[PDB]
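Could you put the whole structure together from the sequences, leaning on the hints where they help?
Chain by chain, the residues run as shown.
Protein chains: 2
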Amino acid sequence: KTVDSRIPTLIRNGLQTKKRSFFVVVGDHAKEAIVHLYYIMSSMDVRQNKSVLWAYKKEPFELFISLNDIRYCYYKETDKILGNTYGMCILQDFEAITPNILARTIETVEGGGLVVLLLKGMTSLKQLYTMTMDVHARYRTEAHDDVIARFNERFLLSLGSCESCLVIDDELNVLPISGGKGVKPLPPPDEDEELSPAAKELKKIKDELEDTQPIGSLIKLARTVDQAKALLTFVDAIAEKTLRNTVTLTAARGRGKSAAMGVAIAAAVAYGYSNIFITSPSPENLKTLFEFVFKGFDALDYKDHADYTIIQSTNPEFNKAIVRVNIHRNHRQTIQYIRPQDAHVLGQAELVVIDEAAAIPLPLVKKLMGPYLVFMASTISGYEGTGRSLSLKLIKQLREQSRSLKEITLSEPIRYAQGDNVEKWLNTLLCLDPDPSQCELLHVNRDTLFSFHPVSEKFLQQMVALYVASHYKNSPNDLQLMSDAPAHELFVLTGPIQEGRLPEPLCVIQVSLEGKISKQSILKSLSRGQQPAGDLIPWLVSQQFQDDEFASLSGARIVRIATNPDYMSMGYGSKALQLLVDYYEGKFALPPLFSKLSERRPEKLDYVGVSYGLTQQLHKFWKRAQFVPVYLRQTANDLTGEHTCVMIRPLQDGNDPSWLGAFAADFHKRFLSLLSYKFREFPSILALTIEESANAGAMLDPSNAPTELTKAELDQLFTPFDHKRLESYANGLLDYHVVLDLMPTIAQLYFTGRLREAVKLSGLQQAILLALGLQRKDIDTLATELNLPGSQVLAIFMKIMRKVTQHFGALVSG
Amino acid sequence: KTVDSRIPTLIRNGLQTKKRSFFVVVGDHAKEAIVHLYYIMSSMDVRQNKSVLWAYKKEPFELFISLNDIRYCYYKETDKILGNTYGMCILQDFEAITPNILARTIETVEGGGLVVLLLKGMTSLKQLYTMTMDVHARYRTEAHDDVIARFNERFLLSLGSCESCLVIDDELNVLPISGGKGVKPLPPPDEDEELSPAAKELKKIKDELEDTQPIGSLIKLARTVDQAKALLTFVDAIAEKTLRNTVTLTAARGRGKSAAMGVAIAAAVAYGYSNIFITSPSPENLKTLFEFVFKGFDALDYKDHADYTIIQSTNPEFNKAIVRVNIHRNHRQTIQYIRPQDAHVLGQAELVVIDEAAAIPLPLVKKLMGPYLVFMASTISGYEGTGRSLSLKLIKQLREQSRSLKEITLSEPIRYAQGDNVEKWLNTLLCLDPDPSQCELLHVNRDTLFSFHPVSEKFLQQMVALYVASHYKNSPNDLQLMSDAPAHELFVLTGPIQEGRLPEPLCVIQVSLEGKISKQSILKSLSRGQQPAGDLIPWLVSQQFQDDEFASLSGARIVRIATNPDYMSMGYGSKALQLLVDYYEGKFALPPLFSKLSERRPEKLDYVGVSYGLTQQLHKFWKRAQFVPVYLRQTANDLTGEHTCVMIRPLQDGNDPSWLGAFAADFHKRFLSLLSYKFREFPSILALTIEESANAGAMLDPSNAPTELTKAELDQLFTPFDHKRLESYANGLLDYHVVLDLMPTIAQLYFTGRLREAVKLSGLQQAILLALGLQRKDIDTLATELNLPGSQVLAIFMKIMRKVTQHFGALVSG
Ligand SMILES: CC(C)(COP(=O)(O)OP(=O)(O)OC[C@H]1O[C@@H](n2cnc3c(N)ncnc32)[C@@H](O)[C@@H]1OP(=O)(O)O)[C@@H](O)C(=O)NCCC(=O)NCCSCC(=O)Nc1ccn([C@@H]2O[C@H](CO)[C@H](O)[C@@H]2O)c(=O)n1
Ligand SMILES: CC(C)(COP(=O)(O)OP(=O)(O)OC[C@H]1O[C@@H](n2cnc3c(N)ncnc32)[C@@H](O)[C@@H]1OP(=O)(O)O)[C@@H](O)C(=O)NCCC(=O)NCCSCC(=O)Nc1ccn([C@@H]2O[C@H](CO)[C@H](O)[C@@H]2O)c(=O)n1
Ligand SMILES: Nc1ncnc2c1ncn2[C@@H]1O[C@H](COP(=O)(O)OP(=O)(O)O)[C@@H](O)[C@H]1O
Ligand SMILES: Nc1ncnc2c1ncn2[C@@H]1O[C@H](COP(=O)(O)OP(=O)(O)O)[C@@H](O)[C@H]1O
Ligand SMILES: [Mg+2]
Ligand SMILES: [Mg+2]
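Chains B and A supply the protein sequences, listed in that same order. Using the authors' numbering, the letters of the first sequence correspond one by one to residues 5 to 63, 94 to 436, 467 to 497, 511 to 666, 705 to 929. Using the authors' numbering, the letters of the second sequence correspond one by one to residues 5 to 63, 94 to 436, 467 to 497, 511 to 666, 705 to 929.
Honestly, the hints are just simulated from the structure, not real lab data. Using N, Cα and C, we set each Cβ at its ideal position, and we do this for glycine too.
With a Cα cut of at most 30 Å, we get these calculated DSSO-like pairs of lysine-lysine:
1) 784(A) to 914(B)
2) 337(B) to 254(B)
3) 784(A) to 839(B)
4) 793(A) to 793(B)
5) 892(A) to 401(B)
6) 793(B) to 918(A)
Only some residues are given here: those of chain B computed to face chain A with a beta carbon under 7 Å:
7) 306
8) 623
9) 749
10) 785
11) 791
12) 792
13) 856
Structure follows, in structure tokens:
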């Protein structure tokens, strides 16, 4: 009955220092352990006894659940507990706790609380090393069905590296694996006269401005010194009543940026501001901002339903998303929430607050800048953070624009004390925090990369920090995908290195093997709507082209490829791609972490393919490596604003590249017609490059060569009066509005190869002809895009039409 | 040397009563007459000696011009003197004074002034009856070259009907033609104690609110009692601080609506309003509104460059047009000018002022209404007024919408006393102020219609009041065009009437004869860019179709046709049109004003044509009368927002209607391709009706009948994989985004007649197919236009594609 003395000792130390505690329970009676832990935690303190959070998948204790406020949440509903604070968190089903769930469920516990994780009944702790998960179902494919678990090995291996983690059994017995069995009791403090220096500084900052309003009443809301300084900077910018200011605030997750900006909004309202606009990537990012706006209003003695009213958008799915707040104390004032694409409504703005400015595409932010006062906040680390390259681009653009720019930072968290052990363990576990010709490609073994060896861990952090430097929002589920995928392989590009020194990864490539689908399943899928969706390239070309022979081949999909942000644009990605291609072409004739390519026999593959969001810079890189386009989605992505593009390369050695020419020619014929449906927005050059690349890739089939245009076929397209109209226009005797129904036919004649060899056009003429004929654009829209006067775009368009007319006349007369 | 006593008597009476005087000078030394008149006018009064305005075309007096402020203006620059006030106006060149110039140059003279008109040296006053004008050059054509002047006859005949008009010679001698030779001197008044009742009422209204602010200081700006009441209503609406009000103000031209609204804007600014928006058809309508806004600011003790700043749009042509005003007294306030199509920026508005609301198309006004406070002003009579039908529609819609609506009116002018004689004469001269089967068409003689006989004048006013009832802005130049055109004819539709009673005009038709152009001139024009532009239908079809045989025919153009607004939609316009057509088909086997059709032999004409702005209601009326479309402009009209459409009917009796089938078929082939260029905006039904009408009119040529589609031609359009994709979509195994490049081909196949007889489609299916295939519209845009859910529009579109697929399969297999 005597409880081990280390449990209350650790709980008391956490309560004294205001830091969390981690407990892992193994057995079939975890209810008693949780009850005992809660009793021990509650019997020591009274200021920290908040609600208890419980998270699960689908499914004394009886008295315990009937005495405390328990919020029950599903693993899929964890987005609803955002912004709360709990005194205890419980996770029940170990089988389905993805890293995304784990990051969210733990950050909502204040200092001094308990984090309890429940494990199913076991006899030995080694059965988790390969236990099946609820996510492995999506991993399995027809070709590959055996999946080896590696995340759960690292999860138990990392428990011994935490100094605040205790692992106990049903009978409350400490286990050797626990990394906090050496904790000694802390000396009892005396705070009767002793006070922390930070507390004294905070009290002094609050007191020196008590006699001033409204800042004196508002400053009583801050909890950290950095929060107080950020509020001081915001209020100093606001009260200056000059709209030539900009403040950018960057910090980790949980430092207090949203609350600070919310209180600054109330200060701005109290200072006489009328037009206030708030933008964010998602309306779920403003939940605490709009709470602290109302907290500031309450601290300013405003009354509800008499001084302000709240307008809430009930109709869409986000019912709780506030959209508008009206204030009628002295004169009418409003606070409006808009989308980042609605920059045309900011003509009369006075204050625009951009929450999560790093996760917004840069041109949208560039268009949201005006001649007024701007507040920006961004996340640089922690869960859902932004890659360093995007942040560097954002701050570089802001510095280029400058108007006064002031940058501030926050360090100390709010819910728990700085230097918390559980936060450090979580950041570690999820990784949340030479001449090119001389480089060499290597294969990284995944059995030892996830073995928690110090060298392997040091390399894994470097690779993950490499491949997430361009994400808009860091996601820790890709770590589990990389670890537990059955067919994924990792390749790293290193320079010349010596023995005993780990090479620094210049580039990293992740590849997946796809293909080899039985024709019975392809026929079943092509005759119905169901699709396993295990693969991406086999299952898309078959549906788009209604073909049954492509999905039976073998190929590789490049899931991810990323180089060092400091080493970009110097030739390493191309070298790594070429080396991988040569490896798969048979050009090279505790296991060690690094294996040379010459020591392993490659696979026999027919093609290699990639899927990415279309951009000119990325398309040029992929086209230089001999990739040809096959697909281009019509609906743009909401998170970025780009269309998915698929490219395939026929890398097979000594085989006929004819099955790909048909696909390329079909795509080329579809793109010309589809330029009017949702591809009207594309810049002319971007569509021109895709058309040129598809036409060049369609030449892999010699039967796809174009044929000339004869007089007999021409007479079936243009009547003699059409010829007369074209001739009159070419001589300058007609307006260009008259000969405008003939543009699609001439464009289709030129861009399909019939007229290509007869008349030659430059790049600018090709772009103008493509736009006018296939995208149906106006002359004034063309003038803006090309940065040329409108009266000059027509001058070069009359030269396209007086070269075609001569050929038509020679063909008809001859 | 002794001046006639009637001149100073009339001048003194005008000065006493505050009314203008009209003088006409004939001779070669009008300088001395003008000098004497100015001296006589100035020697009596001192409070009215303002600047002298001089208007001319191209080209003691020496001392006279060097002592007074004279503003010299050109006849083409009369738009620059808008809003001013002068004490004397002079018109020099009688040869080019169009009615539009005459209306503008006279309204800017305050009461008590002089209006002097100069006439060239003459021996008899009868030479003006047929004197050539500077406008007659545009009237002459190749076919008709003799023009008879009639406006100058009426101008001299109406001078004798004015009681304030004197006609004098070089030696200052009164002429019998003068209509004010019987004026007797007025008794000398005594205003030492006597005051006008209106002046007493105005003083009382000003005084009873002196102690209140800011209305007490602002009310000192009004000049009439009606202006004061309008300002009181505006300020009462503003100070209520409830945004559920609307005030509509209607009056003649010169009553004080713009100034009243300008002062109300200053009151709103002083009452704490932040967002204020001003819209108008043209930025030249706000010249006095923005002047009185600044006058109110000055009366409110605001200081320039310290309390407000003015932002002016220098870059466009309208440099003087103010676009934005910023106020920073207590908190930032602004006043913005927007275009009527910019209703999307009014999300945060508090006061929207719509000047000249009748001249704006009704849907724009309907979209400018919001949940805020609206001020409207409109012109109902006088120069540049709006027809009564448009105003009735506007007020009926406003009453339907209602929110509180309050309507006010102004009667008494500002610059001159009410009951002015010159204003009455100007309004008179320029006309600024049964079963259908039993009706009969008549021809109106223009030699007696403009002879100033009382009966002829009474009928002319009734006709002009008929044909201007739908104009957005009344223009008095059309009166001169109707009077002096060499080939124009007027027809009126009257019911059964008795002798001695003038019939009431139910409908009026104006026709012009066009055609008969020598082929030499047509060849010269078609081989260059120059065009006489005398005709409209011959000179447009020849250029659009590059044809040389149409312009040599003979035809009639219906310039105007309008019925009684109270008798609309009851069958009179159709009856008049049919009777005119039968008259021109040879179906009928001081001169009197009315001539029966049976008494005159018609002309031999091949076609009849009309040009109008496209609308569904007008297109249906014209199509019912067997008219076929030939042209449709691509650029919309700025004043209305509609595209010009041309329709022609082959009315010739017993001739081949084959020259028109070619034009109709060419237009039908151009419209299908041009639906993507600027006709994407058209509603589906409106384009469908035009396509159906053009296809039906193209059948006048039997060689234009369509042919069936054969398997050989089908195999040259769709590959077997395209057939497989279409079949898969028809069975519900594909997304509609996949088979979307095939839509233009199917639409062109169906709407050109190849597939029309094989597969039958209803009206809704035809509209959806036309939109999706030829206009490239989205599904969500289609759902809004058709007032149907988006998920139901697709359900009926999958029925179009499973009828075409079966025919294609039968054609291929068979
Ligand atoms: C290209 C690169 C790897 C090596 O390039 P290098 O450094 O090695 O440059 P190199 O010397 O070889 O040649 C010089 C030439 O490269 C060009 N170039 C030069 N600098 C840049 C630059 N900074 N950026 C771009 N191109 C550049 C060119 O400008 C220059 O032309 P030029 O000189 O010859 O003038 C390296 O740039 C890089 O990190 N690129 C970005 C990271 C990445 O992974 N790229 C490969 C992507 S595919 C797998 C993949 O992930 N697909 C996706 C993507 C999104 N999504 C969804 O979208 C959402 C998120 O978005 C959502 O989350 C979801 O994810 C998805 O589902 N699947
Ligand atoms: C149609 C009408 C005469 C006789 O029609 P009826 O009274 O007779 O009606 P009816 O019994 O015969 O048959 C019933 C059928 O008529 C229809 N219908 C019934 N009510 C209405 C209605 N209220 N309006 C419309 N259609 C209606 C239908 O709805 C119904 O179909 P439904 O039942 O069988 O259901 C008589 O409506 C009317 O005033 N329409 C307007 C005045 C006018 O002149 N119209 C002829 C125009 S061409 C010459 C001309 O001027 N061209 C231009 C025009 C503009 N511009 C430039 O644009 C600027 C200005 O905009 C710029 O200033 C410049 O001017 C230009 O340069 N040259
Ligand atoms: N001044 C404050 N007073 C009380 N609670 C606060 C204060 N500032 C932050 N918090 C709490 O701490 C959390 C901070 O999260 P937040 O600062 O919104 O994240 P981010 O760093 O992304 O802005 C909030 O959930 C809020 O409940
Ligand atoms: N209260 C006033 N004080 C002085 N002048 C005025 C006043 N109201 C109007 N006016 C003069 O009379 C003219 C009235 O024209 P306006 O009222 O703008 O025409 P509308 O009737 O179309 O609004 C203006 O040119 C202005 O100079
Ligand atoms: Mg935030
Ligand atoms: Mg006006």
